[PDB]
Each structure stands twice: as structure tokens, then as C-alpha cells.
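> Generate the whole structure from the sequences, applying the supplied hints.
Okay, here's what each chain looks like letter by letter:
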Amino acid sequence: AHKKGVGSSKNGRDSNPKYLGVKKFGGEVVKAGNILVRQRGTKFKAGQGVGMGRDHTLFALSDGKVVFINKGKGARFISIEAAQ
Amino acid sequence: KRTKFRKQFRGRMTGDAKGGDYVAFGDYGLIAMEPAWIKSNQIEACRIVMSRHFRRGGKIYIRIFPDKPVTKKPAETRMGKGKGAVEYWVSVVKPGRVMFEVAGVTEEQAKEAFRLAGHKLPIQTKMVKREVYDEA
Amino acid sequence: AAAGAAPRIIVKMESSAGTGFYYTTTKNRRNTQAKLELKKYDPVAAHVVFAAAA
Amino acid sequence: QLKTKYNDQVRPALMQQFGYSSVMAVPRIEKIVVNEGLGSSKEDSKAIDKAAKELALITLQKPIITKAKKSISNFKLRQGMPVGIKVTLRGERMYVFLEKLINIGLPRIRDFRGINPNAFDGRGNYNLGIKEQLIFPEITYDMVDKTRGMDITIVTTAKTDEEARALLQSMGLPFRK
Amino acid sequence: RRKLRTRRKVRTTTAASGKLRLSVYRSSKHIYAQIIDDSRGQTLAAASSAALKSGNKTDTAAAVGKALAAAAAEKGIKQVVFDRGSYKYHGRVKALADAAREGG
RNA sequence: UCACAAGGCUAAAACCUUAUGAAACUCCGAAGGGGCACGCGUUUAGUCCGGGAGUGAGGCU
RNA sequence: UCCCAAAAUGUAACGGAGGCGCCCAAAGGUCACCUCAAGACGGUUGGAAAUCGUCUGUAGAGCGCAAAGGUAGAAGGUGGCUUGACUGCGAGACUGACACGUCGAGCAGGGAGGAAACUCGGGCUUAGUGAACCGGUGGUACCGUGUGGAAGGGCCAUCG
Ligand SMILES: [Mg+2]
Ligand SMILES: [Mg+2]
Ligand SMILES: [Mg+2]
Ligand SMILES: [Mg+2]
Ligand SMILES: [Mg+2]
Ligand SMILES: [Mg+2]
Ligand SMILES: [Mg+2]
Ligand SMILES: [Mg+2]
Ligand SMILES: [Mg+2]
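Chain order of the listed sequences is A, B, C, D and E.
With the first letter of the first sequence counted as 1, position 24 gets the number 24 in the working numbering; the numbers rise by one all the way through.
With the first letter of the second sequence counted as 1, position 36 gets the number 1036 in the working numbering; the numbers rise by one all the way through.
With the first letter of the third sequence counted as 1, position 22 gets the number 2022 in the working numbering; the numbers rise by one all the way through.
With the first letter of the fourth sequence counted as 1, position 5 gets the number 3005 in the working numbering; the numbers rise by one all the way through.
With the first letter of the fifth sequence counted as 1, position 28 gets the number 4028 in the working numbering; the numbers rise by one all the way through.
It is worth saying that the hints were derived from the structure and are not from the lab.
Check before you lean on any hint, since a few could be wrong.
Stated by the list, open to error - Result set (DMTMM-like, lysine to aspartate or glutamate): computed pairs, CA atoms no more than 20 Å apart in a straight line:
| hint | chain 1 | residue 1 | chain 2 | residue 2 |
| --- | --- | --- | --- | --- |
| 1 | D | 3086 | D | 3044 |
| 2 | B | 1007 | A | 81 |
| 3 | B | 1083 | A | 55 |
| 4 | A | 3 | B | 1101 |
| 5 | D | 3070 | D | 3044 |
| 6 | E | 4009 | E | 4038 |
| 7 | A | 18 | A | 28 |
| 8 | A | 4 | B | 1076 |
| 9 | A | 3 | A | 55 |
| 10 | B | 1081 | A | 14 |
| 11 | D | 3031 | D | 3142 |
Okay, structure coming up:
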């Protein structure tokens, strides 16, 4: 006549969002200590003027202007060059 | 028929047929015309039809193959509580894709064995014959 | 954390300096077995090494 | 030692045999490598002690315990535990132990008529491991417990197998024909 | 095997350091100890040892350390970074060091 | 990586030609989108401080 | 953590899979050194797999645990010395309705490793967590009800 279940899911679950990616893009002014990429790994390597926290977070060290170096795929660098 | 080990469940979407529209392994070939789903048993049916009509032995190339799991919820359940559990298997045959290749048989034989397979099929078809040397 | 705590325990590293100051971290008892001996700063002087008080 | 000079008298022998445009472009001998892979079934600390002793007393050089590559198949295997014993001999002590071998080794071998002449390192080298230990200059059954055997691997800097072969034999070596 | 050299090489932060890096090459019985401003593709000072050597083969390290550092006085170089090679900072290249490390 | 069509080859795997599927494959990879600078060119909004809210059942293509 | 998620972030479902509520006194700091899986030829126990050698070998391995990204000029394997798994702070950003959360240059005390430039305020990273309240404990001498004490509170630390 009717049915009695009984099944469910073992799924559903997921994890709260991890707002990643670059926050500071090609040709952008930058204050000292402004963050420029959140990333899982070495996706973007620090160049001149940019350091890297343990989160592999890239944060700029001395003001200036942001510049993206794509060195042919899998090896890429972000840097600051000050204006003048 | 089935695949042997995998992941389990899937989805659905469509546009025209990737590869391959061309006639390898044989002299005569049967081609989809419609964006169907094709179940094992439907092929199984075409295989057995053509296999009988050719008797011994001819040569039969069943190009298409059901890797796609389709599910169906239990009988009389209110939606949710889960995803349906693998009812059967389909092969997402898009238009122009060649489903069948037969060779070692006359044109007549090929026509017939084809037509017979066609009437067992969810979708319109067309037979054709080589020249498609995009590669080999 | 929780009571049962068989491996790893919150130990407190109290100074020899007799200042009052201490620290806290965790030791496994599988590998420390006896005691814990560490050399950290003291803010009531400058840098005087502590032992694993209960 | 003396053996070195004999190599240096094999050198114009192979220069003359092969017509080499250079004297360094002639087959030489790089290291000797002694392996002792008991383990797996022999998990005894006492036994690897004994292999250490035996090896140190014949080869006059300390031996390394080459552990398990951490491959743990169905049968008896595991992570990081003793399974083999290596002693790499090159240069002086190579020549000393090797002369000990042609001199007192294969001669004192129970039922001996040469070794396998069919090709080895088709790259151009040559190994050959050798069984029993009760056939020795230094090993005695009157200074051990049970009975074992080992592995031996030379590296002829040859370019093929005929040239390796030649070097080996004219260095003083038995080829069972 | 090239790993030691490219290792310490990248480990010398090229430009962003500011200081100048200082090559060596004691593998042969001749060296080359160059002084480089990294960034600019240019090599500043330098003091070899194959244009007469006195005679010493490895004893002369201190000599070319002192000779180099001597060139460094004139050109005006007071800051440095020690770009070793596959060379494990011990004797010879340590001599070249200590030598330049006082005779600047 | 997982799956898969005919054949070769070999003791089956690997490998060779032919051939193909993929949300949780990717050698690649658009259209589009997003950030920043200008306004090189049109137009009108914006932002902040303070008072008053209501809304938090949505519906179809 | 991955897919859904429509190549910026974000995005629901009783949608599709899988882990966590720890662990490490070395698996941390620094210094120095080493390079993987796998197949082929030949090798005493072996002989599917053991241990040795030669050749190939950009990752087809490893990273305590899930997976994703990452990584061979090391994060991977080994050794020396070690307690930065440190106090007093925090320019400036990421991120959230709030409370939270995350990254962090640089200054001081004062130390570790290095010959040194230097690096170190835990762990390749992302889970290993609990706001207040009332209470335990070590320091502190801020308040202490006529005054001087003491009970009691307050502060920093810290445990449930
Ligand atoms: Mg191409
Ligand atoms: Mg509501
Ligand atoms: Mg609502
Ligand atoms: Mg809605
Ligand atoms: Mg989008
Ligand atoms: Mg919503
Ligand atoms: Mg209350
Ligand atoms: Mg108190
Ligand atoms: Mg009190």
C-alpha cells in the first residue's frame, strides 16, 4: 500500500568556502603588506619585493606596482616595481 | 553490456558527435541520426539480430559501448532520501556517430542485417560505405 | 581537552629561576618517559631554562 | 698490490689485442661489491651479527646493513628492518680481496670447474655472485655456527661483453668450457 | 650532482640581497674567484691564478683571496656574498675566504 | 587516472597499429566573465554621518 | 577536501564520494649532506615481492593521517648542533552580518644554528575545535567599606 523508508544519504557534507585566488592583479598599486594571492601551493612564486607566509600567501614588502610574470606554465612569479 | 569496476552515479547533457563519424574495421556501417541514450540490451538485441542473420560468420563491430549508469528510484517513494540506485546502463550515442560496422558480407546482407537491427533501435539510422579516410 | 589522555599530556614547564613564571605544552610519555628539559626565555630576567613540573 | 702491476701488464696485452687508440680507453676494474642478503626469513639479530663478523674477517672492511625498501608484500615483509648486508670494495682492498679470491677462493671450491661464460651486463660489465662459504681462505667452520653464502659484483668499464670477458679472463679467471 | 651548486646558487638570493656575490672554481688546480653584481649581467672585479701562480697549487688560495680583495679595495667593494660551488668550505676555499675576509 | 572496440605480439601484464567515453580525467583551451588605470567620451549616479522604517512565504518563462 | 559551482569570489538539495575531534621532544629551529617509483640484462638463501650491480628513468614516488593544490635547485631520505613549539608589540592587508578567523613586514629585549649573507615567534599548506558565566592553580601587591593589617576581589598566566 505505502512504503516505510528506510534509506538515507551518507553524503551531504562539504566544507565552508575557502576564498582563494589572487586578490591583487596585474598593474595594481600596493601598500606595504597588502596581500596579492591566497593559494594552496607554489602556484605563484614570490619575485622581487614580495614575501610568502606559511599559507603560501603572497604579501608585498615595500609598496610599488604589481607585475605578473608567467614563465611558460607551472613556474610563475609576482613582483613589485615602484613607479619611476 | 556492463563496465567492470568504476565510480557509480552520473548525469545528463547534449550536442553533436565527437568521434567518430568514419568507417573503420569494415566495409558497411550503421550510423545514428538522433541524440539518444542506448541501453545494453538494446545493443545486445542488435548484436543478436545481426549475428543470427549473418549466420556463421561474417564480421561484426559493435563500436558503441554503455559506460553510463542510469538510476531509478524505488517503487512508490516520495522524492529525496537519496539518489536512485543504478537501474541500468546507457551509451550516449550522439548524431552521426557510427554504431555498427559489418563486413565479410554482401551489400544485400548488410542492408538487411542493418534494417533488422534498426527496427530494434530507439532512433532513426542510416547505413553507408567507407571513403571516410580522415585517418586510418 | 579531555580526561582519559593516555598519549600526550599538557605538561607545565616551570622555571629554575624561582621567578614564578612557567610554560605549557604537551609530551607523549611514550618518548619522554622520565622528564622534560627545555631552554626558554624568562621575562622576569633573561633566558633561564625550565623543568617539567606536574 | 702486485695485482695492480699485473693489470698494468694486461693493459698493453689488451692494447695489442684490441688496437686501442688510447691506453685509458681500455677496460679497467671499478669496485667489487659484496652482498649478503639473508634476512626476510632470517630476522635474527644474532645472525646479522654473524654475517657482520664473517664479512669483516674476509673482506677487511666494515659492512653496511642495507635495510628493507619498506615494500611489504603478502608474505613476510615490512618497513625499515635489516634484510641485506653490503660491503663495497674498490681500489686497494678490492685488488687485495680479489687476489685472495683467485688465489685461495675458487680453487678451494668444492667441485669446481669454472663459472658461467654466457654474457652478463650486456651494457658491458660482469657480476657473478658465488654460493657456499665453506670454500674459503679466511672462513672456517671452526669459527662459525651454521652455514651461509653470498653475492659478488664487479664493474668492468668495458663497452661490450667480449671486451669485458677478455679483461676478466686474462686477469686470471676460470671459464667453464 | 649539479644539485649542490644550483642549490647554494639559488640559495644566494641573487638581486634582492643588495650585496655582491663572489664566485670560485677550485676543482682544477686553477681557480677564478669572480665578483658579480648579480642583477646587471656584469662581472665587476675578479682575480684568477693561471697568469703565473708562484708555484703553490692549493697553498696559493690565501694569495688570490688577498689579490681579489685587493682589486675590491680599488673598485670600491666593501659588501660581499660568498657564492661557493660544489665546494664544501673547508681548506682551500676557506683560505681564499679568510684571506679576503681580512684583506678587503 | 578510471573505463572501453577489433587486431598484433608475448607468458596473461607491459608494448605495437587501429578506435573511443569521462561531473569528481586534462597535452591543450575559447566566447565570456572578474580586478585595476585612465575618460582619450557619453551620461548621471555615488560615498559618508544621523533620524524613521518595512521586508526575512515568493511566483512564472 | 573534491565534484555539482555555469573558466573571478560566492551559491542550494534527505545531490554525488572521502576524512577530523589528533599526532611529532623530533616529524620542530638552523646547519650540512643525500634523490625517488618502475621496467630490462646478470646475480648464494631468493627465485611474484626479498638484498647487490649495470642501463633507462620529471616525478609514472615520497610527504604521520582525508583528498585537492603544491613540491626534484625539496616540502622528499640522513646526520651535527639545538629549544624561536620566546616575551613585549604590530605598519598593512585577506575574510565574516556580528563575534570570529587568517597572512604578515618591521622595532625592542634575549637567545639557536651557521664561517658567514642569513634564518627561526612550531609542523608544505588547508581539519585536529568550545564564546560567556561560575570555579582550581602559579605569579602580581591594583581595590580593600574609621586607620593599619588579614578574608575577599582585581590584574597576567593558566587548568575544568
Ligand atoms: Mg601540440
Ligand atoms: Mg524565516
Ligand atoms: Mg525564506
Ligand atoms: Mg528563490
Ligand atoms: Mg562564473
Ligand atoms: Mg541562497
Ligand atoms: Mg549564567
Ligand atoms: Mg589567586
Ligand atoms: Mg590575595
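> A separate judgement is required for each hint: does it hold in the structure or not?
These are the hints, each one checked on the structure:
no., hint, in the structure
1, D:3086 <-> D:3044, "holds, 17 Å"
2, B:1007 <-> A:81, "violated, 49 Å"
3, B:1083 <-> A:55, "violated, 37 Å"
4, A:3 <-> B:1101, "violated, 47 Å"
5, D:3070 <-> D:3044, "holds, 18 Å"
6, E:4009 <-> E:4038, "holds, 11 Å"
7, A:18 <-> A:28, "violated, 23 Å"
8, A:4 <-> B:1076, "holds, 10 Å"
9, A:3 <-> A:55, "violated, 51 Å"
10, B:1081 <-> A:14, "holds, 18 Å"
11, D:3031 <-> D:3142, "violated, 30 Å"
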